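J.: One-letter residues, chain by chain:
2 protein chains.
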Amino acid sequence: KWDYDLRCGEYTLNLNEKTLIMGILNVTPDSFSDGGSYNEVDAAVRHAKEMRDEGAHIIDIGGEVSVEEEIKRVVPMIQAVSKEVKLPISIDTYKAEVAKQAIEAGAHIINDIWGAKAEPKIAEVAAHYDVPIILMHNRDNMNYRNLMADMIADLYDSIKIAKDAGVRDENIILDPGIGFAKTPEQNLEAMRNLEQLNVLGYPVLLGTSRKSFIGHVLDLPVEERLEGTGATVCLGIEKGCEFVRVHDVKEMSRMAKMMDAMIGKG
Amino acid sequence: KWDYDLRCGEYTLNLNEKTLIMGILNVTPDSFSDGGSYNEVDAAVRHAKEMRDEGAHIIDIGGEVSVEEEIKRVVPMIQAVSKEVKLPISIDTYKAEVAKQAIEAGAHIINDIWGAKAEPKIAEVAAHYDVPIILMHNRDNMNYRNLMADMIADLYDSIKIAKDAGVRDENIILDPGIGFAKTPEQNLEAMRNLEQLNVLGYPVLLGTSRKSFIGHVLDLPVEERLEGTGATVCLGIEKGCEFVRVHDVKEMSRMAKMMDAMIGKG
Ligand SMILES: C=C1CN=c2nc(N)[nH]c(=O)c2=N1
Ligand SMILES: C=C1CN=c2nc(N)[nH]c(=O)c2=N1
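Quick note, the sequences are listed as chains A and A', same order. A prime marks a further copy of an entry chain. So the first sequence is residues 2 to 65, 74 to 275, counted in the deposited numbering. So the second sequence is residues 2 to 65, 74 to 275, counted in the deposited numbering.
No lab work stands behind these hints, which were simulated from the structure alone. Each hint should be verified, as a subset may be incorrect.
[As the list claims (entries may be wrong)] Ranges between beta-carbon positions, derived for each pair: (1) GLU51/A with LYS259/A': 23 to 31 Å; (2) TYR5/A with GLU232/A': 38 to 46 Å; (3) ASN17/A' with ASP31/A: 39 to 47 Å; (4) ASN202/A with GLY37/A': 49 to 57 Å; (5) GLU18/A' with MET151/A: 26 to 34 Å; (6) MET151/A with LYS172/A': 46 to 54 Å; (7) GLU204/A with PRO30/A': 44 to 52 Å; (8) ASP6/A' with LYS95/A: 51 to 59 Å; (9) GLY275/A with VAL208/A': 26 to 34 Å; (10) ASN27/A' with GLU51/A: 30 to 38 Å; (11) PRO30/A' with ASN207/A: 49 to 57 Å; (12) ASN17/A' with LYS95/A: 48 to 56 Å; (13) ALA127/A' with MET151/A: 55 to 63 Å; (14) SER34/A with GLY224/A': 46 to 54 Å.
The beta-carbon is built from N, C-alpha and C at its ideal position, and this holds for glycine as well.
Generate coordinates for the entire structure from the input sequences, incorporating the hints supplied.
T.: In structure tokens form, the structure reads like this:
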């Protein structure tokens, strides 16, 4: 199906072998420093190692409240994790300056929850360093005419912005942005029709881990949503996503591996 | 989709509302009695109550090594669970005599892992008491020409046997019999093509809980197969099964409920 591998730098990710697991890194900050402290960075490195050991294929590191200090927080973490954990790293920001810094520090993938709409300059950064970028569907409103058709239009608006900056098709990944700009019922609708994103011809990453719509369905708090997240990950993979962004790496990695075997992946 | 409810006796089960959960009852027998003892029956009642509280919609009670004493073991359990747990009960046997007894004792559904091929008389019992019967795919060999097409042929051979005895279409349920007469790779194939069973027009029940093919994929022992079973339950429901037969009721009931919401069931 995919005639190219995801090229990340020192690491390369096969898209046909298996559903690739993106581990979400804890960011419990130090109430005492501007960022960089030992307790903060060591908990971060510790979490990455655990996630690596539980089957994560990528570590996702997020800083999100001002620009200049977002770098201070996230830069020291990328430096330590990239050094001590042999996995590609993605920076969860939508800020151009931030992204530059993070790749500078050793991040391999950009993760923009605004799909280059918040700060289009980020796309230039992406093209510049030749890294893969994740373009999530988002918008500042919920007034959809046709949810799915609008998501695809919105997404395509991100691709245009990215290609116009020189981003290669092979370094583009899409995300339906579940839990963003969508009502609980709209979140279910996107899930139910996720396979439509495939027509755009790009690897799709899904991120539904522990989110409120799972809560709204099950009536369960964030810590009780492991079975709910599992359902959305299974249905996601059946509908053709290549990546999942989860908190419970051990559990999700197991279901993902079983789905893969069943649906003939790899 | 289904224009009739599953009529069980005092209980009636809706097929359109939700994926219905079948709890597998523990049968740890008393090494000291022929059957009926307090420790054996009380653990049984206790397990049923827990499963009811965890969201089970049916309790499945199995005796399986001789005919005359299978009744001794399973009859006292049906009597106590039917009295103390307000849920329909299914008897997991393939033996005509056994089935008669169990419904006599209060069981509402028959669960035949040989699909009326081991003892066709069971079908007569089913028609006689007007109870729903589950016809599982099975055979004494693994020499398939075309797995799916043979399963459907084999299954249809069970339906013929059942209808010929007077069983009404509405009291017929099918099961692909995962883990029976199939290699691990064939178990994955049946899973991958489960939606084909739908053309026969009968509610389908899937039973994959903790089975060896999950083990063969994950390389994990029976007690470590909760995420693996979860994958097969999610994919099952997406492919249109109306029932699942699981051990981990709390967990499976949660994923099933989330799938239901996502795929527009209910
Ligand atoms: C809460 C968050 C933060 N960053 C994300 N990034 C991506 N790509 N997808 C998500 O669902 C997502 N959720
Ligand atoms: C191990 C067992 C015993 N009885 C069963 N009964 C049904 N209907 N389906 C199964 O998968 C099944 N597995």
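J.: Determine for every hint whether it applies to the structure shown.
T.: Now the hints, each set against the structure:
1. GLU51/A with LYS259/A': 23 to 31 Å: 26 Å, holds
2. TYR5/A with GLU232/A': 38 to 46 Å: 41 Å, holds
3. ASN17/A' with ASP31/A: 39 to 47 Å: 53 Å, violated
4. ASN202/A with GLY37/A': 49 to 57 Å: 54 Å, holds
5. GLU18/A' with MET151/A: 26 to 34 Å: Taking Cβ atoms as reference, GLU18/A' and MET151/A lie about 29 Å apart, which means the hint holds.
6. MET151/A with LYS172/A': 46 to 54 Å: 52 Å, holds
7. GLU204/A with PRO30/A': 44 to 52 Å: 48 Å, holds
8. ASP6/A' with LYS95/A: 51 to 59 Å: 56 Å, holds
9. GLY275/A with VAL208/A': 26 to 34 Å: 29 Å, holds
10. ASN27/A' with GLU51/A: 30 to 38 Å: Distance hint for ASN27/A', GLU51/A holds at roughly 34 Å.
11. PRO30/A' with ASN207/A: 49 to 57 Å: 52 Å, holds
12. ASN17/A' with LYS95/A: 48 to 56 Å: Cβ of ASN17/A' to Cβ of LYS95/A: about 50 Å, so the range 48 to 56 Å holds.
13. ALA127/A' with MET151/A: 55 to 63 Å: 58 Å, holds
14. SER34/A with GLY224/A': 46 to 54 Å: 48 Å, holds
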